[PDB]
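Okay, so here's just one chain, in C-alpha coordinates, the form deposited in one PDB entry.
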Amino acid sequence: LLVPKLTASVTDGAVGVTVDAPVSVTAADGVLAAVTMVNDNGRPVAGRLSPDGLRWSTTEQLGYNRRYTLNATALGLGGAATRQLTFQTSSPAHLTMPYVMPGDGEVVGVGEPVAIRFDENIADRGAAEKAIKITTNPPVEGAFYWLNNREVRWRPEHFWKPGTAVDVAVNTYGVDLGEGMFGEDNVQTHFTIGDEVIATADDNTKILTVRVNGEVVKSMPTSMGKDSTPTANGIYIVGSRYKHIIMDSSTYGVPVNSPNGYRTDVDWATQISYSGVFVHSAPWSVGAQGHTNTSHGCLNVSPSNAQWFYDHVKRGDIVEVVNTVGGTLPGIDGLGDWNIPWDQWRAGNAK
(Lines of atoms letter the chains of each structure in order from A and count residues from 1; the text may use other names and numbers.)
(Lines give C-alpha, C1' and ligand atoms only; values in the text may rest on other atoms or scores of the structure.)
Protein backbone atom coordinates (compact mmCIF):
# COMPACT_ATOMS: atom_id res chain seq x y z
CA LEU A 1 0.00 0.00 0.00
CA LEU A 2 1.28 3.41 -1.18
CA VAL A 3 2.49 6.32 1.01
CA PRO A 4 0.69 9.64 0.03
CA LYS A 5 2.92 12.08 -1.95
CA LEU A 6 2.87 15.90 -1.75
CA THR A 7 3.97 18.14 -4.63
CA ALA A 8 4.17 21.89 -3.98
CA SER A 9 4.81 24.56 -6.66
CA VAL A 10 7.55 25.97 -4.46
CA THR A 11 10.54 24.29 -2.92
CA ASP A 12 11.53 24.65 0.72
CA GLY A 13 14.36 27.11 1.05
CA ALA A 14 13.66 28.95 -2.26
CA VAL A 15 14.35 32.65 -2.70
CA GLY A 16 13.00 35.10 -5.40
CA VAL A 17 9.77 33.12 -5.86
CA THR A 18 7.69 35.24 -8.19
CA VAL A 19 4.36 36.42 -7.26
CA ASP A 20 2.70 36.33 -10.71
CA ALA A 21 1.33 32.81 -10.06
CA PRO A 22 -0.62 31.16 -7.29
CA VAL A 23 1.13 28.70 -4.91
CA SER A 24 -0.28 25.18 -5.05
CA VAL A 25 0.06 21.77 -3.39
CA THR A 26 -1.07 18.47 -4.82
CA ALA A 27 -1.70 15.05 -3.20
CA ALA A 28 -1.11 11.72 -4.98
CA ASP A 29 -2.02 8.30 -3.48
CA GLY A 30 -4.17 10.18 -1.05
CA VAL A 31 -6.00 13.31 -0.25
CA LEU A 32 -5.16 16.64 1.46
CA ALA A 33 -6.20 16.72 5.13
CA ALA A 34 -4.64 20.10 6.05
CA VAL A 35 -3.04 22.91 4.13
CA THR A 36 -2.16 26.30 5.59
CA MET A 37 0.08 29.05 4.39
CA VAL A 38 1.10 31.87 6.68
CA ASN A 39 3.25 34.95 6.22
CA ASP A 40 6.21 35.83 8.46
CA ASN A 41 4.13 36.89 11.42
CA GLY A 42 1.43 34.28 11.32
CA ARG A 43 -1.41 35.80 9.24
CA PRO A 44 -3.13 32.98 7.26
CA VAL A 45 -2.89 33.35 3.47
CA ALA A 46 -6.20 32.09 2.14
CA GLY A 47 -6.76 29.46 -0.39
CA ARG A 48 -9.12 26.74 -1.47
CA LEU A 49 -8.95 23.02 -1.70
CA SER A 50 -10.61 21.28 -4.69
CA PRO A 51 -13.71 19.19 -4.01
CA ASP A 52 -11.85 15.97 -4.72
CA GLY A 53 -9.28 16.88 -1.98
CA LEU A 54 -6.38 16.58 -4.41
CA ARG A 55 -5.41 20.24 -5.12
CA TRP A 56 -5.02 23.33 -2.97
CA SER A 57 -4.18 26.78 -4.17
CA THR A 58 -3.76 30.28 -2.86
CA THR A 59 -6.69 32.51 -3.93
CA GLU A 60 -5.40 36.02 -3.24
CA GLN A 61 -2.52 38.10 -4.29
CA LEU A 62 0.76 37.22 -2.72
CA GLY A 63 3.12 39.91 -1.50
CA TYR A 64 6.50 41.16 -2.54
CA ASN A 65 9.21 40.76 0.05
CA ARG A 66 7.46 38.08 2.16
CA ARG A 67 8.64 34.89 3.84
CA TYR A 68 5.70 32.45 3.71
CA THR A 69 5.49 29.06 5.32
CA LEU A 70 3.36 26.27 3.91
CA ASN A 71 2.29 23.26 6.00
CA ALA A 72 0.49 20.40 4.22
CA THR A 73 -0.53 16.89 5.18
CA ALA A 74 -1.83 14.19 2.88
CA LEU A 75 -3.75 11.11 4.19
CA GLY A 76 -4.23 7.92 2.16
CA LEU A 77 -5.35 4.35 2.72
CA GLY A 78 -1.63 3.51 3.03
CA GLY A 79 -0.39 6.25 5.41
CA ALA A 80 0.21 9.95 6.05
CA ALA A 81 2.81 12.49 4.87
CA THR A 82 3.45 16.00 6.15
CA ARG A 83 5.74 18.72 4.86
CA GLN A 84 6.67 22.25 5.90
CA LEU A 85 8.15 24.57 3.28
CA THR A 86 9.47 28.09 3.79
CA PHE A 87 10.30 30.38 0.88
CA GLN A 88 10.87 34.06 0.10
CA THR A 89 9.19 35.98 -2.69
CA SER A 90 10.84 38.61 -4.99
CA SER A 91 11.83 41.83 -3.26
CA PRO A 92 11.87 44.56 -5.93
CA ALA A 93 14.34 47.49 -6.10
CA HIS A 94 11.47 49.50 -7.71
CA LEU A 95 7.89 49.15 -8.78
CA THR A 96 6.25 50.44 -11.95
CA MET A 97 2.56 50.89 -12.58
CA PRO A 98 1.15 50.44 -16.13
CA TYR A 99 -1.67 52.71 -17.46
CA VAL A 100 -3.75 51.46 -20.39
CA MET A 101 -5.58 53.38 -23.06
CA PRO A 102 -8.13 53.52 -24.45
CA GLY A 103 -10.71 53.39 -21.64
CA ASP A 104 -12.55 50.31 -20.49
CA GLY A 105 -15.92 49.85 -22.27
CA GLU A 106 -15.03 52.60 -24.76
CA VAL A 107 -15.95 52.61 -28.41
CA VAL A 108 -13.04 54.03 -30.45
CA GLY A 109 -12.12 54.71 -34.05
CA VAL A 110 -10.29 52.48 -36.52
CA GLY A 111 -6.88 54.12 -35.80
CA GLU A 112 -6.79 53.52 -32.07
CA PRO A 113 -3.72 51.64 -30.94
CA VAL A 114 -3.51 49.68 -27.70
CA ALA A 115 -1.32 51.83 -25.38
CA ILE A 116 0.46 50.60 -22.25
CA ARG A 117 2.29 53.45 -20.51
CA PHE A 118 4.58 52.58 -17.55
CA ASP A 119 5.40 55.33 -15.06
CA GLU A 120 9.13 54.30 -15.11
CA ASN A 121 11.67 53.38 -17.84
CA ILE A 122 11.46 49.72 -18.74
CA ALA A 123 14.84 47.97 -18.90
CA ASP A 124 13.44 44.63 -20.18
CA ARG A 125 11.01 45.58 -22.96
CA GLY A 126 10.67 41.96 -23.96
CA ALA A 127 9.43 40.92 -20.52
CA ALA A 128 6.86 43.69 -20.68
CA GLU A 129 5.61 42.59 -24.14
CA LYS A 130 5.42 39.06 -22.97
CA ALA A 131 3.25 40.03 -19.95
CA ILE A 132 0.67 41.81 -22.11
CA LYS A 133 -1.95 39.54 -23.61
CA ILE A 134 -3.99 41.02 -26.45
CA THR A 135 -7.12 39.25 -27.70
CA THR A 136 -8.87 40.40 -30.89
CA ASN A 137 -12.23 39.26 -32.35
CA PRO A 138 -12.22 38.91 -35.31
CA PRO A 139 -8.57 37.94 -34.66
CA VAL A 140 -6.00 39.99 -36.47
CA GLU A 141 -2.24 40.12 -36.58
CA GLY A 142 -0.61 42.92 -34.61
CA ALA A 143 2.69 43.77 -32.95
CA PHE A 144 4.28 45.85 -30.23
CA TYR A 145 6.36 48.95 -30.82
CA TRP A 146 7.87 51.29 -28.23
CA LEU A 147 7.35 55.04 -28.64
CA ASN A 148 9.86 55.89 -25.88
CA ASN A 149 11.28 54.15 -22.82
CA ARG A 150 7.95 54.01 -20.98
CA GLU A 151 5.17 53.59 -23.49
CA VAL A 152 4.53 50.57 -25.78
CA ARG A 153 1.85 50.36 -28.45
CA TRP A 154 0.17 47.47 -30.19
CA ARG A 155 -1.67 47.63 -33.44
CA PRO A 156 -2.54 45.84 -36.66
CA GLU A 157 -1.05 46.39 -40.09
CA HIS A 158 -4.06 48.22 -41.30
CA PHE A 159 -6.79 50.23 -39.65
CA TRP A 160 -9.09 48.08 -37.50
CA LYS A 161 -12.22 46.61 -38.97
CA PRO A 162 -15.40 48.11 -37.49
CA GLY A 163 -17.00 45.83 -34.89
CA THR A 164 -13.71 44.26 -33.63
CA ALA A 165 -13.55 43.54 -29.88
CA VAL A 166 -10.18 44.21 -28.33
CA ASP A 167 -9.12 42.87 -24.92
CA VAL A 168 -5.90 43.88 -23.14
CA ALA A 169 -4.59 42.01 -20.07
CA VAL A 170 -1.50 43.61 -18.60
CA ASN A 171 -0.28 40.88 -16.28
CA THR A 172 2.73 42.66 -14.89
CA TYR A 173 2.17 41.91 -11.20
CA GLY A 174 5.11 39.80 -10.04
CA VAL A 175 7.02 40.18 -13.28
CA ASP A 176 10.62 41.28 -13.34
CA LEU A 177 10.67 44.01 -15.94
CA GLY A 178 14.48 44.37 -15.62
CA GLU A 179 17.08 45.76 -13.14
CA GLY A 180 14.92 44.84 -10.16
CA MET A 181 11.88 46.71 -11.48
CA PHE A 182 8.69 44.76 -10.97
CA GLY A 183 5.07 45.40 -11.79
CA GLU A 184 3.05 47.21 -9.13
CA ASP A 185 -0.18 45.65 -10.29
CA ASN A 186 -2.09 44.14 -13.16
CA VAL A 187 -4.42 46.16 -15.33
CA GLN A 188 -7.17 45.33 -17.81
CA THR A 189 -9.22 47.08 -20.42
CA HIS A 190 -11.57 46.06 -23.15
CA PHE A 191 -12.73 48.23 -26.04
CA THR A 192 -14.56 48.02 -29.28
CA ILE A 193 -13.96 49.55 -32.67
CA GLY A 194 -16.77 51.68 -34.06
CA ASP A 195 -17.45 53.32 -37.40
CA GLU A 196 -14.72 54.12 -39.84
CA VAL A 197 -14.15 57.92 -39.76
CA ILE A 198 -11.31 59.45 -41.76
CA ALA A 199 -10.98 63.21 -42.24
CA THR A 200 -8.62 64.32 -44.95
CA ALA A 201 -7.05 67.83 -45.01
CA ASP A 202 -5.71 68.59 -48.53
CA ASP A 203 -3.42 71.65 -48.67
CA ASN A 204 -4.16 72.02 -52.42
CA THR A 205 -7.83 72.71 -51.61
CA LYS A 206 -7.67 73.91 -47.96
CA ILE A 207 -10.64 71.67 -47.14
CA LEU A 208 -10.93 69.05 -44.39
CA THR A 209 -13.36 66.42 -45.64
CA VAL A 210 -14.91 64.03 -43.20
CA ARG A 211 -15.81 60.53 -44.49
CA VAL A 212 -17.93 58.12 -42.41
CA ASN A 213 -17.69 54.57 -43.92
CA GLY A 214 -16.44 55.86 -47.20
CA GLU A 215 -19.11 58.68 -47.59
CA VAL A 216 -18.48 62.45 -47.40
CA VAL A 217 -20.61 63.87 -44.58
CA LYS A 218 -18.83 67.19 -44.02
CA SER A 219 -16.61 69.54 -45.99
CA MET A 220 -14.76 72.12 -43.77
CA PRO A 221 -12.79 74.97 -45.22
CA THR A 222 -9.64 75.19 -43.11
CA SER A 223 -6.51 77.29 -42.44
CA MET A 224 -3.50 75.13 -41.65
CA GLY A 225 -0.02 76.16 -40.56
CA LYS A 226 1.75 78.97 -42.40
CA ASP A 227 4.85 78.18 -44.43
CA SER A 228 7.16 79.01 -41.49
CA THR A 229 5.21 76.78 -39.04
CA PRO A 230 3.52 74.27 -41.40
CA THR A 231 1.22 71.38 -40.55
CA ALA A 232 3.05 68.13 -41.04
CA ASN A 233 1.61 65.69 -43.64
CA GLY A 234 0.66 62.16 -42.59
CA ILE A 235 -1.77 60.15 -40.53
CA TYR A 236 -2.84 61.58 -37.18
CA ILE A 237 -4.88 59.61 -34.61
CA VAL A 238 -7.63 61.58 -32.85
CA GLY A 239 -7.14 61.84 -29.10
CA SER A 240 -8.92 64.06 -26.56
CA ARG A 241 -11.49 66.73 -27.10
CA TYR A 242 -12.27 69.93 -25.34
CA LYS A 243 -15.24 72.26 -25.21
CA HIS A 244 -12.54 74.84 -24.66
CA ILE A 245 -8.87 74.68 -23.73
CA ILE A 246 -6.02 77.07 -23.15
CA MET A 247 -3.45 76.20 -25.74
CA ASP A 248 -0.06 76.99 -24.27
CA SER A 249 2.98 76.60 -26.51
CA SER A 250 5.24 75.97 -23.48
CA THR A 251 3.36 72.69 -23.05
CA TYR A 252 5.05 71.70 -26.41
CA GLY A 253 8.65 72.90 -25.94
CA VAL A 254 8.06 76.47 -27.20
CA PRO A 255 8.28 79.48 -24.79
CA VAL A 256 5.15 81.58 -24.95
CA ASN A 257 7.16 84.75 -25.66
CA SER A 258 9.38 83.31 -28.38
CA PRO A 259 8.60 84.02 -32.06
CA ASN A 260 6.40 80.87 -32.46
CA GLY A 261 4.96 80.83 -28.96
CA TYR A 262 1.38 81.47 -28.09
CA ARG A 263 -1.09 81.21 -25.26
CA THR A 264 -4.70 81.36 -26.39
CA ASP A 265 -8.06 80.09 -25.26
CA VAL A 266 -9.99 78.29 -28.06
CA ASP A 267 -13.21 76.47 -28.35
CA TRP A 268 -14.20 73.11 -29.70
CA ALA A 269 -10.70 71.60 -29.75
CA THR A 270 -9.85 68.05 -30.88
CA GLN A 271 -6.26 66.94 -30.30
CA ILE A 272 -4.52 65.07 -33.13
CA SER A 273 -0.80 65.22 -32.20
CA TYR A 274 1.22 65.34 -28.97
CA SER A 275 3.34 67.97 -30.77
CA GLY A 276 0.13 70.01 -30.24
CA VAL A 277 -1.82 69.98 -33.49
CA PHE A 278 -5.56 70.42 -32.81
CA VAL A 279 -8.64 70.92 -34.96
CA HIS A 280 -10.42 73.93 -33.40
CA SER A 281 -12.64 76.99 -33.70
CA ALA A 282 -10.96 80.02 -35.23
CA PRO A 283 -13.38 82.92 -35.72
CA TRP A 284 -10.36 85.22 -36.40
CA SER A 285 -9.41 83.27 -39.59
CA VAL A 286 -12.80 82.37 -41.16
CA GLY A 287 -11.73 84.69 -43.97
CA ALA A 288 -8.49 82.74 -44.68
CA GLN A 289 -9.99 79.23 -44.26
CA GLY A 290 -10.40 77.78 -47.79
CA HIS A 291 -7.64 80.02 -49.20
CA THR A 292 -4.53 80.62 -47.14
CA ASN A 293 -2.64 79.05 -44.22
CA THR A 294 -2.28 81.25 -41.18
CA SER A 295 -1.82 79.02 -38.09
CA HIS A 296 0.99 77.70 -35.97
CA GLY A 297 0.12 74.24 -37.48
CA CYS A 298 -3.39 73.77 -36.13
CA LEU A 299 -6.36 73.02 -38.39
CA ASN A 300 -8.30 76.22 -37.99
CA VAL A 301 -11.97 75.80 -39.01
CA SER A 302 -15.24 77.65 -38.38
CA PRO A 303 -16.94 77.55 -34.99
CA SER A 304 -19.84 75.39 -36.23
CA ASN A 305 -17.35 73.06 -37.98
CA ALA A 306 -15.13 72.65 -34.86
CA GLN A 307 -18.13 71.91 -32.76
CA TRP A 308 -19.38 69.50 -35.45
CA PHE A 309 -15.95 67.80 -35.28
CA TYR A 310 -16.18 67.65 -31.44
CA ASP A 311 -19.60 65.98 -31.55
CA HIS A 312 -19.11 63.58 -34.52
CA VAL A 313 -15.42 62.58 -34.39
CA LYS A 314 -14.20 60.30 -31.55
CA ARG A 315 -10.91 59.12 -30.02
CA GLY A 316 -9.13 56.80 -32.48
CA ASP A 317 -10.69 58.33 -35.63
CA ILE A 318 -8.22 59.46 -38.24
CA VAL A 319 -7.11 62.69 -39.79
CA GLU A 320 -4.84 62.55 -42.78
CA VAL A 321 -3.00 65.65 -43.90
CA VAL A 322 -1.65 65.78 -47.48
CA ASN A 323 0.23 68.17 -49.81
CA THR A 324 1.46 70.73 -47.20
CA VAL A 325 4.94 72.22 -47.30
CA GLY A 326 5.75 70.48 -44.01
CA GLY A 327 7.49 67.18 -43.49
CA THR A 328 5.87 63.98 -42.24
CA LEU A 329 4.49 63.70 -38.65
CA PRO A 330 6.96 61.63 -36.59
CA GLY A 331 6.08 57.96 -36.01
CA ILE A 332 6.76 58.39 -32.33
CA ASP A 333 4.78 61.59 -31.80
CA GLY A 334 2.28 59.85 -29.57
CA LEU A 335 -0.53 60.04 -32.18
CA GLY A 336 1.62 59.33 -35.26
CA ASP A 337 1.89 55.52 -35.01
CA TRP A 338 0.49 54.81 -38.47
CA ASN A 339 3.33 56.71 -40.16
CA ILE A 340 5.77 53.92 -39.27
CA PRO A 341 5.94 51.30 -42.08
CA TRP A 342 4.49 48.00 -41.03
CA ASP A 343 7.73 46.12 -41.58
CA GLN A 344 9.50 48.37 -39.15
CA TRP A 345 6.58 48.39 -36.65
CA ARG A 346 6.36 44.61 -36.75
CA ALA A 347 10.08 44.00 -36.32
CA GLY A 348 9.60 46.06 -33.15
CA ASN A 349 12.33 47.60 -30.97
CA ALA A 350 12.27 45.42 -27.84
CA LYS A 351 16.11 45.99 -27.84
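Numbering follows the first chain given and starts at 1. Just so we're on the same page, rigid core means the largest C-alpha set that superposes within 1.5 Å between forms. First, how it differs from the form deposited in another entry.
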The other form holds:
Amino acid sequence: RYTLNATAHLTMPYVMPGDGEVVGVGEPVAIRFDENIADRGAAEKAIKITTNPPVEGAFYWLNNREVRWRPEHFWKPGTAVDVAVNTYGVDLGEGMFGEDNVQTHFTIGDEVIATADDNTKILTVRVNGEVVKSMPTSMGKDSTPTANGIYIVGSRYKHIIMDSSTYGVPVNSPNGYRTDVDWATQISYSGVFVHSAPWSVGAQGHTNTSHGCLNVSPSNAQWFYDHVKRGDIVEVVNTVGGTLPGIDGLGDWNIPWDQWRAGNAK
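Now that we've seen the form deposited in one PDB entry, could you pull up the form deposited in another entry?
Left out here are the partners and the other molecules; the chain alone remains.
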Protein backbone atom coordinates (compact mmCIF):
# COMPACT_ATOMS: atom_id res chain seq x y z
CA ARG A 1 0.00 0.00 0.00
CA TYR A 2 1.98 2.90 -1.44
CA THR A 3 -1.09 4.36 -3.24
CA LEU A 4 -1.98 7.53 -5.15
CA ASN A 5 -5.51 8.78 -5.78
CA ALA A 6 -6.80 9.56 -9.30
CA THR A 7 -7.71 13.25 -9.48
CA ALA A 8 -10.01 14.39 -12.36
CA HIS A 9 11.79 2.33 -17.85
CA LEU A 10 8.20 2.18 -16.39
CA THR A 11 4.43 2.86 -17.10
CA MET A 12 2.06 5.09 -15.08
CA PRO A 13 -1.63 4.16 -15.03
CA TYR A 14 -4.31 6.87 -15.17
CA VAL A 15 -7.80 6.04 -14.15
CA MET A 16 -11.08 7.65 -15.09
CA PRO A 17 -13.53 8.65 -13.63
CA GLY A 18 -11.73 10.81 -11.09
CA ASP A 19 -11.94 10.53 -7.32
CA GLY A 20 -15.34 11.62 -6.05
CA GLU A 21 -16.94 12.38 -9.47
CA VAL A 22 -20.64 11.80 -10.03
CA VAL A 23 -21.10 10.21 -13.53
CA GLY A 24 -23.95 9.15 -15.85
CA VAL A 25 -25.16 5.57 -16.20
CA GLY A 26 -22.87 4.80 -19.19
CA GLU A 27 -19.52 5.84 -17.75
CA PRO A 28 -17.11 3.02 -18.12
CA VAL A 29 -14.18 2.69 -15.72
CA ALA A 30 -11.10 3.57 -17.77
CA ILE A 31 -7.46 2.69 -17.15
CA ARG A 32 -4.97 4.27 -19.56
CA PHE A 33 -1.23 3.62 -19.59
CA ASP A 34 1.50 5.91 -20.84
CA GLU A 35 3.10 2.86 -22.55
CA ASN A 36 1.87 -0.06 -24.66
CA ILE A 37 1.01 -3.15 -22.71
CA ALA A 38 2.47 -6.45 -23.88
CA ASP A 39 0.74 -8.47 -21.14
CA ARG A 40 -2.89 -7.42 -21.10
CA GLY A 41 -4.03 -10.34 -18.94
CA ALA A 42 -1.46 -9.26 -16.36
CA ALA A 43 -2.70 -5.63 -16.30
CA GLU A 44 -6.25 -6.88 -16.02
CA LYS A 45 -5.28 -9.15 -13.11
CA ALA A 46 -3.78 -6.18 -11.28
CA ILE A 47 -7.01 -4.10 -11.41
CA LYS A 48 -9.55 -4.77 -8.67
CA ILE A 49 -13.02 -3.18 -9.04
CA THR A 50 -15.66 -3.23 -6.32
CA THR A 51 -19.25 -2.10 -6.84
CA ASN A 52 -22.14 -1.61 -4.50
CA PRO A 53 -24.71 -2.91 -5.18
CA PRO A 54 -22.48 -5.61 -6.72
CA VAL A 55 -22.82 -5.98 -10.48
CA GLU A 56 -20.93 -8.21 -12.93
CA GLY A 57 -18.53 -6.41 -15.31
CA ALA A 58 -15.57 -7.16 -17.61
CA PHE A 59 -12.52 -5.72 -19.37
CA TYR A 60 -12.21 -4.75 -23.04
CA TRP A 61 -9.24 -2.96 -24.60
CA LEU A 62 -9.69 0.02 -26.92
CA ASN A 63 -6.11 0.01 -27.99
CA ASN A 64 -2.79 -1.10 -26.69
CA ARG A 65 -2.53 1.27 -23.76
CA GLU A 66 -6.15 1.61 -22.68
CA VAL A 67 -8.44 -0.89 -20.96
CA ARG A 68 -12.16 -0.24 -20.13
CA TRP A 69 -14.55 -1.85 -17.64
CA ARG A 70 -18.28 -1.83 -17.54
CA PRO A 71 -21.41 -3.84 -16.67
CA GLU A 72 -23.54 -5.60 -19.31
CA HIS A 73 -26.17 -2.91 -18.81
CA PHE A 74 -26.03 0.70 -17.86
CA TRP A 75 -25.20 1.32 -14.24
CA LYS A 76 -28.03 1.56 -11.75
CA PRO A 77 -28.27 5.09 -10.17
CA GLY A 78 -26.75 5.14 -6.71
CA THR A 79 -23.96 2.62 -7.35
CA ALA A 80 -20.61 3.33 -5.78
CA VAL A 81 -17.58 2.15 -7.65
CA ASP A 82 -14.06 1.76 -6.17
CA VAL A 83 -11.11 1.06 -8.36
CA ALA A 84 -7.85 -0.45 -7.23
CA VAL A 85 -5.06 -0.34 -9.79
CA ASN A 86 -2.43 -2.47 -7.97
CA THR A 87 0.19 -2.18 -10.64
CA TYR A 88 3.39 -1.08 -8.85
CA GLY A 89 6.31 -3.19 -9.97
CA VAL A 90 3.93 -5.66 -11.73
CA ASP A 91 5.21 -7.53 -14.85
CA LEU A 92 3.40 -5.97 -17.80
CA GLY A 93 5.58 -7.80 -20.38
CA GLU A 94 8.54 -7.02 -22.64
CA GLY A 95 10.56 -5.22 -19.97
CA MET A 96 7.75 -2.89 -18.74
CA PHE A 97 6.55 -2.53 -15.20
CA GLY A 98 3.88 -0.57 -13.33
CA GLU A 99 5.42 2.63 -11.99
CA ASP A 100 2.86 2.98 -9.18
CA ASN A 101 -0.56 2.06 -7.70
CA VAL A 102 -3.73 4.15 -8.18
CA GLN A 103 -7.14 4.43 -6.55
CA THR A 104 -10.47 6.04 -7.35
CA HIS A 105 -13.97 6.11 -5.88
CA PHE A 106 -16.97 7.35 -7.84
CA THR A 107 -20.75 7.26 -7.89
CA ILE A 108 -23.55 7.02 -10.41
CA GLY A 109 -26.01 9.95 -10.78
CA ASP A 110 -29.45 9.88 -12.42
CA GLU A 111 -30.23 7.90 -15.58
CA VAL A 112 -30.05 10.50 -18.35
CA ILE A 113 -30.70 9.14 -21.84
CA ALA A 114 -31.25 11.32 -24.85
CA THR A 115 -32.63 9.64 -27.96
CA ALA A 116 -32.20 11.30 -31.36
CA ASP A 117 -34.59 9.77 -33.85
CA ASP A 118 -33.99 10.50 -37.47
CA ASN A 119 -37.63 9.68 -38.23
CA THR A 120 -38.88 12.66 -36.24
CA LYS A 121 -35.78 14.80 -36.06
CA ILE A 122 -36.29 15.33 -32.31
CA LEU A 123 -33.75 14.65 -29.58
CA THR A 124 -35.77 13.67 -26.49
CA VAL A 125 -34.05 13.90 -23.13
CA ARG A 126 -35.15 11.41 -20.43
CA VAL A 127 -34.26 11.71 -16.77
CA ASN A 128 -35.11 8.56 -14.79
CA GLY A 129 -37.41 7.39 -17.57
CA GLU A 130 -39.27 10.66 -17.78
CA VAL A 131 -39.27 13.14 -20.69
CA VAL A 132 -37.97 16.48 -19.34
CA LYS A 133 -36.87 18.03 -22.72
CA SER A 134 -37.77 17.74 -26.42
CA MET A 135 -35.40 19.38 -28.87
CA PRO A 136 -35.88 19.62 -32.58
CA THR A 137 -32.53 18.72 -34.10
CA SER A 138 -30.68 18.53 -37.39
CA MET A 139 -28.07 15.90 -38.08
CA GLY A 140 -25.51 14.82 -40.70
CA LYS A 141 -26.95 15.33 -44.16
CA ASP A 142 -27.06 12.15 -46.28
CA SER A 143 -23.56 12.61 -47.78
CA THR A 144 -21.95 13.01 -44.31
CA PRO A 145 -24.45 11.27 -42.09
CA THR A 146 -24.59 10.77 -38.32
CA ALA A 147 -23.80 7.25 -37.23
CA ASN A 148 -26.45 5.24 -35.38
CA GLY A 149 -25.66 3.80 -31.93
CA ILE A 150 -25.12 4.61 -28.26
CA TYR A 151 -22.75 7.45 -27.38
CA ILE A 152 -21.28 8.25 -24.00
CA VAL A 153 -21.22 11.97 -23.12
CA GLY A 154 -17.61 13.00 -22.86
CA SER A 155 -16.41 16.51 -22.16
CA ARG A 156 -18.23 19.93 -22.43
CA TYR A 157 -17.28 23.46 -23.75
CA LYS A 158 -18.81 26.90 -23.43
CA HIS A 159 -17.14 27.78 -26.73
CA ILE A 160 -14.78 26.00 -29.09
CA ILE A 161 -13.81 25.53 -32.66
CA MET A 162 -14.27 22.24 -34.39
CA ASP A 163 -11.70 21.88 -37.16
CA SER A 164 -12.28 18.95 -39.57
CA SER A 165 -8.52 18.50 -40.07
CA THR A 166 -8.40 17.04 -36.60
CA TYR A 167 -10.21 14.09 -38.27
CA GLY A 168 -8.12 14.00 -41.42
CA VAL A 169 -10.51 16.02 -43.60
CA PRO A 170 -8.98 19.26 -44.78
CA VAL A 171 -10.82 22.48 -44.02
CA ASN A 172 -10.56 23.53 -47.68
CA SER A 173 -12.31 20.34 -48.87
CA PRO A 174 -15.96 19.72 -49.63
CA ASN A 175 -16.72 18.27 -46.18
CA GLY A 176 -14.22 20.59 -44.57
CA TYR A 177 -14.99 23.01 -41.75
CA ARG A 178 -13.40 25.18 -39.14
CA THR A 179 -16.36 26.20 -37.02
CA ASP A 180 -16.81 28.33 -33.86
CA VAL A 181 -19.63 26.92 -31.64
CA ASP A 182 -21.24 27.55 -28.24
CA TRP A 183 -22.43 25.03 -25.66
CA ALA A 184 -20.70 22.01 -27.24
CA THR A 185 -21.13 18.66 -25.54
CA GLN A 186 -18.85 16.00 -27.01
CA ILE A 187 -20.30 12.52 -27.59
CA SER A 188 -17.77 10.71 -29.81
CA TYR A 189 -14.03 10.86 -30.28
CA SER A 190 -14.72 10.87 -34.00
CA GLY A 191 -15.93 14.44 -33.54
CA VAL A 192 -19.71 14.26 -32.98
CA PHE A 193 -21.03 16.95 -30.59
CA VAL A 194 -24.37 18.20 -29.48
CA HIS A 195 -24.03 21.94 -29.86
CA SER A 196 -25.58 25.34 -30.45
CA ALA A 197 -26.36 25.88 -34.15
CA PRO A 198 -28.21 29.10 -34.73
CA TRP A 199 -27.51 28.66 -38.46
CA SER A 200 -29.84 25.60 -38.71
CA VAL A 201 -32.79 26.52 -36.47
CA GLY A 202 -34.94 26.60 -39.56
CA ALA A 203 -33.93 23.06 -40.39
CA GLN A 204 -33.91 21.63 -36.91
CA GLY A 205 -36.92 19.34 -36.84
CA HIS A 206 -37.07 19.03 -40.64
CA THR A 207 -33.87 18.36 -42.49
CA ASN A 208 -30.39 17.11 -41.85
CA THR A 209 -27.83 19.73 -42.74
CA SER A 210 -24.80 18.97 -40.58
CA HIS A 211 -21.47 17.23 -40.97
CA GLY A 212 -22.49 14.70 -38.28
CA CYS A 213 -23.13 16.78 -35.12
CA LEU A 214 -26.53 17.09 -33.59
CA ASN A 215 -27.41 20.72 -34.31
CA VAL A 216 -29.86 22.12 -31.74
CA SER A 217 -31.22 25.67 -30.98
CA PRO A 218 -29.09 27.94 -28.85
CA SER A 219 -31.13 27.60 -25.70
CA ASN A 220 -31.58 23.84 -25.97
CA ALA A 221 -27.77 23.45 -26.47
CA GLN A 222 -27.13 25.52 -23.42
CA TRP A 223 -29.74 23.47 -21.59
CA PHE A 224 -28.00 20.27 -22.71
CA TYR A 225 -24.70 21.65 -21.50
CA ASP A 226 -26.12 22.64 -18.09
CA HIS A 227 -27.92 19.44 -17.24
CA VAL A 228 -25.71 16.82 -18.82
CA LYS A 229 -22.68 15.10 -17.20
CA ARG A 230 -19.94 12.68 -18.28
CA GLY A 231 -21.45 9.26 -18.67
CA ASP A 232 -24.93 10.35 -19.65
CA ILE A 233 -26.27 8.73 -22.86
CA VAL A 234 -27.17 9.96 -26.33
CA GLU A 235 -28.70 7.23 -28.47
CA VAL A 236 -29.01 7.88 -32.19
CA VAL A 237 -31.62 5.83 -34.13
CA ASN A 238 -32.78 5.47 -37.73
CA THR A 239 -30.23 7.58 -39.64
CA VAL A 240 -28.95 6.48 -43.00
CA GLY A 241 -25.55 6.12 -41.41
CA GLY A 242 -23.63 3.22 -39.91
CA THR A 243 -22.87 2.29 -36.34
CA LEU A 244 -20.48 4.19 -34.09
CA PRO A 245 -17.39 2.00 -33.74
CA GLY A 246 -17.23 0.28 -30.36
CA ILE A 247 -13.59 1.31 -30.01
CA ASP A 248 -14.23 5.05 -30.72
CA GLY A 249 -13.55 6.33 -27.24
CA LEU A 250 -17.17 6.90 -26.37
CA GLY A 251 -18.51 3.89 -28.31
CA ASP A 252 -18.21 1.20 -25.59
CA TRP A 253 -21.88 0.21 -25.38
CA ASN A 254 -21.98 -0.70 -29.08
CA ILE A 255 -19.94 -3.79 -28.49
CA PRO A 256 -22.28 -6.55 -27.37
CA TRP A 257 -21.96 -8.25 -23.99
CA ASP A 258 -20.54 -11.42 -25.15
CA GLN A 259 -18.10 -10.01 -27.38
CA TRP A 260 -17.16 -7.56 -24.63
CA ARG A 261 -17.21 -10.14 -21.79
CA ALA A 262 -15.06 -12.55 -23.83
CA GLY A 263 -12.57 -9.67 -23.66
CA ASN A 264 -9.52 -9.28 -25.88
CA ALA A 265 -6.70 -10.14 -23.54
CA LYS A 266 -5.02 -12.71 -25.92
